[PDB]
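Got a structure for you, questions after.
Here's a slice of the assembly, chains where they normally sit.
To keep things simple, chains are lettered A and B as they appear, and every chain counts its residues starting from 1.
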């Protein structure tokens, strides 16, 4: 762990920064 | 086979089944199972609302209606906790936490809890997800 499931670390990283960007919007 | 082994296999199999075929997810639940799941039907927010569904046929209708969305579910699985429970201590309580997203969406932190009831195999009797604000 952690295990990426149905995804990759890179795709996850993108979704994560998306969240941060929205948080700061 | 160890209890940690079955919990890890269970979770990996559960989430990957979402990718591969939402319409067969319900097969892994007991006939009288309880589900509290992401409310895909509901109308920025770092949590999502959930909805309660009871019984395998209803659970199937819920997953099936949301097939396209369910197929796009992705996650980073961070933690697993388990204990034995229920009749003769043969059922398994599992808690997982991580960060969940769908193709193109931001992440949402979650905790998800399951109860597995033995038949060689186990059926899901309970499945609850809760999104957690960061």
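We take it that a residue touches a chain if its C-beta (ideal position, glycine included) is under 8 Å from a C-beta of that chain, and two chains touch if they have at least 3 such contacts.
K.L.:
Across the entire complex represented in this structure file, what number of copies corresponds to each chain label?
P.N.:
The structure file's complex resolves to the formula A x2, B x2.
Here, only the chains that are shown with their structure count from here on.
K.L.:
Report the inter-chain centroid distance for subunit A and subunit B in whole angstrom, where each centroid is the mean of the CA atoms.
P.N.:
A distance of 20 Å separates the two centres.
K.L.:
Flag every residue of subunit A that touches subunit B in the complex, lowest number first.
P.N.:
The contact residues of subunit A facing subunit B are 1-7, 11-12, 15-16, 18-19, 21-23, 25.
K.L.:
For the complex, give me every residue of subunit B touching subunit A.
P.N.:
12, 15-16, 18-19, 44, 46, 73-80, 98-99, 101, 105-108, 134
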